[PDB]
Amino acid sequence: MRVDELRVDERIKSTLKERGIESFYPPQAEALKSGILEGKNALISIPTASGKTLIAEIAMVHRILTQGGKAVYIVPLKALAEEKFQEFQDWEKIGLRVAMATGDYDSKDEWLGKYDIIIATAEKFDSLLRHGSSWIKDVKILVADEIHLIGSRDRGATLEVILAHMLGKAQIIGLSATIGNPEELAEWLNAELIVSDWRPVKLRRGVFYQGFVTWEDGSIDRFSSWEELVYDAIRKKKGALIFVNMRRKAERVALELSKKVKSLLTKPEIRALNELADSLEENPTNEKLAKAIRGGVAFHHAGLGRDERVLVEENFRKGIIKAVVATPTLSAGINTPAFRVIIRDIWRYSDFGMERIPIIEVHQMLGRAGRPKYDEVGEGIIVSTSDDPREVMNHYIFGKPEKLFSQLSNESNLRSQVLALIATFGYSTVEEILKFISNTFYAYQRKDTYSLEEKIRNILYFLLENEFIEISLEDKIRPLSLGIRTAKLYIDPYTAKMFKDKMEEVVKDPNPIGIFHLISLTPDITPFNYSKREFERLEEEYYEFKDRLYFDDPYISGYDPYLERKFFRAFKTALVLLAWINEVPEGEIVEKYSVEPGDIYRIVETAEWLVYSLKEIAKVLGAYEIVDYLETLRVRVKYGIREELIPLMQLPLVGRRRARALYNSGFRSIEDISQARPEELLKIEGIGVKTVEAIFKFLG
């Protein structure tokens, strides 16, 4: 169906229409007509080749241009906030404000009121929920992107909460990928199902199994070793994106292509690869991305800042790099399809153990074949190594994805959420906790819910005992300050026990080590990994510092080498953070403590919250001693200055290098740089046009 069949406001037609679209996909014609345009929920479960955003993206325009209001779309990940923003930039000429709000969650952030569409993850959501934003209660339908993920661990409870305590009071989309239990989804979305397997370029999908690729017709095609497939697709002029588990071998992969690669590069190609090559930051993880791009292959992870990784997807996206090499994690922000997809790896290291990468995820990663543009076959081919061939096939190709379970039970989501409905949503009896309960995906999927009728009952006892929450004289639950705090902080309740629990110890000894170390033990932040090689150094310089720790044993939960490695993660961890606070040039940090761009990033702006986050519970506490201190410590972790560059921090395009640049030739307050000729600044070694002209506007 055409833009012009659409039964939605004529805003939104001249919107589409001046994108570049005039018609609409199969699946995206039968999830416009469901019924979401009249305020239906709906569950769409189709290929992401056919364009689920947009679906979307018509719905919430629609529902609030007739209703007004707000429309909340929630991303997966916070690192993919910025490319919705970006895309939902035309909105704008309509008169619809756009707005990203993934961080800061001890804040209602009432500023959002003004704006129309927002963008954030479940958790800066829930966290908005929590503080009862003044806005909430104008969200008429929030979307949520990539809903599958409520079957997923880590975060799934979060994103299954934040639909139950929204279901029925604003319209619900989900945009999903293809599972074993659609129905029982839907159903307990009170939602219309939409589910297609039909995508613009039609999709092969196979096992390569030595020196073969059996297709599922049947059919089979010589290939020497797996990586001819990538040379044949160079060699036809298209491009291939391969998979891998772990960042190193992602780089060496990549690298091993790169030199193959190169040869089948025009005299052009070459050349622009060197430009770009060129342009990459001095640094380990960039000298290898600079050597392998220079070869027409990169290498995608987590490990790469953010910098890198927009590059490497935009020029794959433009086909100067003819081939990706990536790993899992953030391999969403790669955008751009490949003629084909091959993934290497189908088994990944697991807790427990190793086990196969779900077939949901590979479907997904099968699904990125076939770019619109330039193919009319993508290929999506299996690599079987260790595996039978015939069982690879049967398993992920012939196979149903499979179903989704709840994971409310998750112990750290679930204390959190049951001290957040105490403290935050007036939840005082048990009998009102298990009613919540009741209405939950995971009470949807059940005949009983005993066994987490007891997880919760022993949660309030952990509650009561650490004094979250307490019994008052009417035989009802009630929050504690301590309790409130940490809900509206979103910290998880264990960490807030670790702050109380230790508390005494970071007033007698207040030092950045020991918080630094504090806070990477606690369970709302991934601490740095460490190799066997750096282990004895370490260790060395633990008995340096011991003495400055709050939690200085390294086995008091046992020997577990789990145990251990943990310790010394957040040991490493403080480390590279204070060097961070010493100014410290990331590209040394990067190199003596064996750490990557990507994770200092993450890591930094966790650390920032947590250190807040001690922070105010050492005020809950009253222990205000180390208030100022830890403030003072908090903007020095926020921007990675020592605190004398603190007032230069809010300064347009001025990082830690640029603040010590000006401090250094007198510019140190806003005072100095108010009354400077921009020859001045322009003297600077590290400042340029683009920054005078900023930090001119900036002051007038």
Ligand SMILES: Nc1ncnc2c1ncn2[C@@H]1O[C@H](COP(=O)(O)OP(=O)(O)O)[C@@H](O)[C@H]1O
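What we label the rigid core is the largest C-alpha set whose atoms superpose within 1.5 Å from one form to the other. Positions refer to the first chain, counted from 1. What changes on going to the form solved in complex with adenosine-5'-diphosphate:
- The Cα position of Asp475 differs by 2 Å or more between the two forms after fitting on the rigid core.
- The Cα shift for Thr632 between the two forms, taken after rigid core superposition, is smaller than 2 angstroms.
- After superposing the rigid core, the C-alpha of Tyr444 moves by less than 2 Å between the two forms.
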The other form holds:
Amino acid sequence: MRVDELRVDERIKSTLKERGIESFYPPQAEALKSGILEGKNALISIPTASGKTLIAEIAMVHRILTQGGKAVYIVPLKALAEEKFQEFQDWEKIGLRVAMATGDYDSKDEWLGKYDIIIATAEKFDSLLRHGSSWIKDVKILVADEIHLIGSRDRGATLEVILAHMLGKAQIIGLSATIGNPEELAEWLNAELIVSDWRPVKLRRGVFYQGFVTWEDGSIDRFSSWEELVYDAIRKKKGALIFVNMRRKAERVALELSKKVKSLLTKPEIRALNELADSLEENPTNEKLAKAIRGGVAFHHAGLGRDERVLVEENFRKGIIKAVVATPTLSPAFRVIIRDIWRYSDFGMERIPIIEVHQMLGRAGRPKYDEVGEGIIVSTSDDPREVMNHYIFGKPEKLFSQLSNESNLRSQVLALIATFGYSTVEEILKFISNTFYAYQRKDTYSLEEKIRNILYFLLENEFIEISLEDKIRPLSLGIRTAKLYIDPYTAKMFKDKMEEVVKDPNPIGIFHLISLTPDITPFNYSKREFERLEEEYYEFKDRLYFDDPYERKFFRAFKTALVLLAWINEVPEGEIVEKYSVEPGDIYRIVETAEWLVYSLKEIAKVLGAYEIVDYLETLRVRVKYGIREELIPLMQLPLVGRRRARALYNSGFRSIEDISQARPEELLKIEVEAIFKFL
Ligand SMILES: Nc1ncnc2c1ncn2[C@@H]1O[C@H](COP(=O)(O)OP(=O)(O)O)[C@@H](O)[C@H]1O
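Let's see the other form, the form solved in complex with adenosine-5'-diphosphate, since the form deposited without adenosine-5'-diphosphate is already up.
The next block holds the full complex; its first chain is the one shown before.
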């Protein structure tokens, strides 16, 4: 279909044409003629290579221009909201304001009312719905990207919940990978179903087994080693993406490949890569990343800060970095190699889900540069036919509502009571009746039981109250916990230990307490280091708020408190990565969450009259945020600074914002500006 053949405002067609887009893919055409332009809901299951977002953008912009109102675009992760935020920019060229909201849970962000397209994660949007933001009533369409993740245990319940509140109140468009139960999901959504595997660039999938690649079509090709697939890609002027199941694994493989890929690079490429590696922030994890980039290959996993991941992401696009070895969580190229089909799980090593293996292979074949994309699954100790039959011809897993997730369900039952007006068991059960859990007609009895037991726990801890008529009402602790977005249990742990906190409020005691609640995943420790951890604990137990571990979460929480303490004590990131065996990306993630939990602890204190420690906690909140000593807090409002600069400034001079408001710029570059002078 032709962009002009579409029945939508010229302002959409203009934007498209400017994007290079002149014609719609067959799948896109089907979706655009299904009824979405006329407000109907839809579930779009087609290859990512086939422009799923584009269809959502067109449906969103058409909804807005033709009838006003707002459009919500739910993204799976914070970082994916920034990618969607950029590609949505050119919509401001026709007057549409685009906002990005992904955190700061305890606010209603009424300031979002002046926007047309709001990008958010499901949790952020779930919290906004709890605060009752006035503009929410203006959302006429909501797009759920990666809607299949609704079947993911971790956070699939949150996505299901917002989709349950919004259904029948707004147009809903879901974007998902191929799944086992398309019709089921579509029906629950009362949506038009668009299922297709049409792609712009032919994809050939195979299995590499002992020197040979066997393609689904039947042919067999010789390759001395799987890594040869990479070197072959590179010699034909293309690139490769390699997937492994463990960080250190990605790091090892990346370096190994770079050892042979380097000899495959032109002189210019070598320079850029070298300039690229020299331009990386010092620390152990970047050291490795540097060494392999100089060789033309890169690794990528959550262990790297977001800054480094982006650097890899773009330079791979720019064709400078020839290959990228990446782990699944937070990851187009001629060849996509899936090096591992087995992954270490909390359930014990298991095979990567079919659904995920298809998404990985789907990234093979850049629409312009290639006449075909190749997806290769490497089996080391696995029957080649079984791998082929399971991953290339096996129906993808069907999605299962992950609503029963006890942590999400206790936080959600409370949200209904304290922020949505549910005052009866039967009312709560009515909300559940509208979820995908209910539509799948899954375990009904066991869910009720889990809900009554939850109500009890909530009743026993004073978040809510119940009467002899069985009427439920929220108490301040209830309401306050629901608006802070914390797990009722972390509020319960905050409430139980509050007396201990006020008796002796200290970083170690605090950092350890929050690192032990359900809203934070504590750093891991090895058999080796559990040595010191043991001694230090018994050495500091006085400052903690707990009697005696006797247990694994405990010391993981304690290890985390030591990292956090080093963080606020301005210890070099490098020194922390070393002296604690932790990678930068984990530090930030943990710092980010810590700031949020210390804030929530302060707020809970406010609700329990414990106001004397509120200042202390507020102070600690900022220190955790920027990882800085108390006397560096004023200087943090500046454009940029971070613990590094801020310290250099305070010591080598300045201490206030007025102090920088009157320093010879000559005296700043003398150690540290453009942004700063720009800020003033
Ligand atoms: N009809 C089309 N014509 C040309 N390129 C397209 C078309 N649809 C998608 N694309 C390409 O696919 C890229 C992928 O993003 P997008 O289209 O939003 O799909 P997805 O949500 O699967 O990433 C776009 O930036 C563009 O390069």
